[PDB]
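**Q** So you can see what is in the structure, the chains are spelled out below.
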Amino acid sequence: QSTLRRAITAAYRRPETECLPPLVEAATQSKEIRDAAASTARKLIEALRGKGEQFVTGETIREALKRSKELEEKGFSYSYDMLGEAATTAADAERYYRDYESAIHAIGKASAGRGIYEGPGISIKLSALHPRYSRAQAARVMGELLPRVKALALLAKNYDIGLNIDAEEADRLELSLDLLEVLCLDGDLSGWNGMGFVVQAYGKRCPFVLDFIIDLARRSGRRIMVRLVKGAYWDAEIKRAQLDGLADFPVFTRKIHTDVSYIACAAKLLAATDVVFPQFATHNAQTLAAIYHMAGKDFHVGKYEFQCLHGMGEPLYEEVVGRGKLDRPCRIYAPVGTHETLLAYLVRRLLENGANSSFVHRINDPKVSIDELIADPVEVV
Amino acid sequence: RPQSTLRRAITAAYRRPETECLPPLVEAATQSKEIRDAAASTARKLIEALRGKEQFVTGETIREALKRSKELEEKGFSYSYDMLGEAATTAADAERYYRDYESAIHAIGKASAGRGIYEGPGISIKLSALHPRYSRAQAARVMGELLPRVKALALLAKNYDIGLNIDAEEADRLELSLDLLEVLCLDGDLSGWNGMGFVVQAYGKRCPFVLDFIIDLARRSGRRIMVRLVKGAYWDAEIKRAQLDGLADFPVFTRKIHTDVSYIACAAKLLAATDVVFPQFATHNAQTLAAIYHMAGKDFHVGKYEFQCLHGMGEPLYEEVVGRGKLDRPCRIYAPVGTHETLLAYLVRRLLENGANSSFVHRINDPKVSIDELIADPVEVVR
Ligand SMILES: Cc1cc2c(cc1C)N(CCC=O)c1c([nH]c(=O)[nH]c1=O)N2C[C@H](O)[C@H](O)[C@H](O)COP(=O)(O)OP(=O)(O)OC[C@H]1O[C@@H](n2cnc3c(N)ncnc32)[C@H](O)[C@@H]1O
Ligand SMILES: Cc1cc2c(cc1C)N(CCC=O)c1c([nH]c(=O)[nH]c1=O)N2C[C@H](O)[C@H](O)[C@H](O)COP(=O)(O)OP(=O)(O)OC[C@H]1O[C@@H](n2cnc3c(N)ncnc32)[C@H](O)[C@@H]1O
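Quick mapping for you: the protein sequence lines, in order, are chains A and B.
Heads up: the first sequence runs through residues 28 to 78, 192 to 521, numbered per the entry's author numbering.
Heads up: the second sequence runs through residues 26 to 78, 193 to 522, numbered per the entry's author numbering.
Treat the hints with caution; some may be incorrect.
[Claimed, not checked] Which chain A residues stay away from chain B? Per the calculated CB distances, all over 12 Å, these: (1) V51; (2) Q56; (3) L75; (4) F348; (5) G371; (6) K379; (7) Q382; (8) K437; (9) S509.
[As the list claims (entries may be wrong)] Beta-carbon label-pair distances, calculated as ranges: (10) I378(A) - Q194(B): 23 to 29 Å; (11) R41(B) - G77(A): 22 to 28 Å; (12) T478(B) - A74(A): 51 to 57 Å; (13) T478(B) - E213(A): 40 to 46 Å; (14) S274(A) - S274(B): 16 to 22 Å; (15) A74(A) - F439(B): 57 to 63 Å; (16) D375(A) - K214(B): 36 to 42 Å; (17) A411(B) - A278(A): 53 to 59 Å; (18) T30(B) - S498(A): 51 to 57 Å; (19) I378(A) - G442(B): 42 to 48 Å; (20) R40(B) - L386(A): 25 to 31 Å.
Calculated directly from the structure, the hints in this document are not laboratory data.
From the three backbone atoms N, C-alpha and C, an ideal C-beta is built for every residue, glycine too.
Okay, chain A solo, but in the shape it has when bound:
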């Protein structure tokens, strides 16, 4: 318990109208940056509007590694996702653990010393590693989970690759955050900056989680890799919240509020690149353009990166990566597994790609003008 931790817990269900004013202020950019970002966004969208096997990079990590070489020389990197989540039995959790373990050895050998920014990494889900992750007591879940995650982190340290903890349901944020803190203070993992953590901008706690993580990085000496996403579980969080009879939800209910929150949280991360490695995971060209200009003219590999999903982000990020474009790197989140393990991920991709509010749907909607696509969320909210 700390002042920074208390700020997180107090924001859990803070009323939506009270969360927004500080995010709007932090998300407000100068006219000069807004004009530049509108110009860049227009160019990206005009290029775009000239453009489940699609979502899986390979059935095995050996296959996925072989298929990554082409895009790696173009300037992309990878984070591999061994598909599987919500273990319901001990045997399932054990299988998922072994898949992560064998993936780290293969990825680490493939990395061949390229390090955590130039070379590939791995993403894991805590719900794959504990048989009753959502339905068991937090103190117990962390107690059996910690040895398994630390063991994987130690393997990632051995090869100097990134290891990212994906973000799942809102009611498991606090548990996963406690695990991150223990790992960052663990002396056995010293000198390795590959530990990564996802934060979801549709959550009311997002800016306070970031404050805690930025301070944790600074006092632990770990340059925590922070993947900023908007959030993949919105419809499930709304349904759970309505069932709980709550007046105030843990997530925003208007898409524009999530967009403002993302920009505000990006500004927070870009002000802290000394101690964290921001990873801006988005397929929205307006979001990308805003962050590109917010980051300033100074750039080096390891300052920050963008990220996208395999099979979704390549049309946009082909206009970003490389010296003929914006010369900024992008890490591709690469699912690996069978069609069976793919289903839950696929469903989330459908809720993303099929929603009228999604950038990837609007970009192909003849009713949606380019002027609307480059609107600054602060000016519209």
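We have chain A; now place chain B with the ligands onto it with these hints.
**A** Structure of chain B with the ligands alone, referenced to chain A:
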């Protein structure tokens, strides 16, 4: 208590152990070796035809959907229209869905133009669209407000002589929906109309006992109830809910081939009661289809039974079924009508259907699945 024995048998099955549910289903689903050989031949033909050849919505409005239906109706298909909408969260939403169904019935009834409930189009409704807290509110309140709304829609359907089907949703809603079916079937204001329909899900342990109740209800009500037999659209959600609820035994089967056996056993029950029910075999699985086609025997007339399929999924299969030169059996297409603002939840149920490794529509495209396996009789696997 009225129908005590039949009602007690439904309750007893609700969470009966899976191993105990199966032996009676396996026996009733066992067919002779000759029929199995003939069904294997038909299924092989259908799959060889299949493997040798927004997608889910028929139109944004009922007018557009009705216009788009003419081509397949000319071929021998019929339609059941689904105004996309379910799980109303506000009383205003329920009233909106009611008015959507009401106006659709007028439009479908005009288009039917007196063709009747078997040759002409009908409508499908979801009770969760018509009550704002359908899953959460006490049965007394849900029944007392829902029953006048569904009766009013049924009266309009009667006035145009079209079918009106109550879709099946989550397992904990079965009891209420069945009580409503009974009250409507005994309501004299609906006399002379056989268009009331009801879905039963074969992945549920209660399915054969629900069918017993429905067949007896048809006998005592004088209504020929339309019964759509489906396997079930909510499997992943039912498993998750039962886990959360702390149940030791689930209300649905957990082995996919058990659902297949349940379906064939229940088809056998329905096919022996066609005097008082109209069976509607909703499936995209060519092996299931072939099994029922041969189970039903050589005598057929339109109105005895029909097959059904979902728009954008089943037409390639049933193009090999409808029509004199094929199997000469009718198929009713379930036709969603709406926009993105109501389409996602149906898409998700369709993706969970289409994306699952155990689904026929996935296996037909799987290179590791032989035609031998696709035509295998699931009853032999469990016998
Ligand atoms: C690119 C990427 C995304 C995600 C992850 C990694 C990478 C590289 N990551 C791993 C995969 C898990 O699914 C991850 C994600 N989400 C999550 O909760 N935890 C994780 O560990 N990833 C998905 C990500 O959150 C997001 O859903 C997509 O990238 C789409 O976002 P994007 O910025 O591309 O698109 P926009 O269309 O501008 O926004 C879509 C998002 O907006 C939110 N939304 C939609 N309606 C809303 C209403 N009515 N109120 C509030 N918020 C709303 C949603 O978050 C929606 O996804
Ligand atoms: C054709 C059709 C289908 C459905 C409906 C109408 C019509 C005309 N109807 C309305 C649409 C609602 O979503 C309806 C359906 N389902 C339902 O519960 N209530 C309804 O009112 N419809 C869908 C239908 O149930 C079904 O899901 C599909 O047709 C697919 O089944 P089909 O016979 O085509 O294909 P198979 O692939 O042989 O079987 C798939 C089914 O098997 C079950 N399953 C999957 N995993 C299982 C495990 N592990 N154990 C047990 N059973 C399992 C599921 O039922 C799965 O759908």
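**Q** Determine for every hint whether it applies to the structure shown.
**A** Hint check:
no., hint, verdict
1, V51, "28 Å, holds"
2, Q56, "32 Å, holds"
3, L75, "20 Å, holds"
4, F348, "29 Å, holds"
5, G371, "17 Å, holds"
6, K379, "9 Å, violated"
7, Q382, "7 Å, violated"
8, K437, "41 Å, holds"
9, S509, "18 Å, holds"
10, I378(A) - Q194(B): 23 to 29 Å, "26 Å, holds"
11, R41(B) - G77(A): 22 to 28 Å, "60 Å, violated"
12, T478(B) - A74(A): 51 to 57 Å, "29 Å, violated"
13, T478(B) - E213(A): 40 to 46 Å, "44 Å, holds"
14, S274(A) - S274(B): 16 to 22 Å, "21 Å, holds"
15, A74(A) - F439(B): 57 to 63 Å, "59 Å, holds"
16, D375(A) - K214(B): 36 to 42 Å, "38 Å, holds"
17, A411(B) - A278(A): 53 to 59 Å, "55 Å, holds"
18, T30(B) - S498(A): 51 to 57 Å, "53 Å, holds"
19, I378(A) - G442(B): 42 to 48 Å, "45 Å, holds"
20, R40(B) - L386(A): 25 to 31 Å, "30 Å, holds"
Of the numbered hints stated above, those contradicted by the structure are hints 6, 7, 11 and 12, listed in ascending order.
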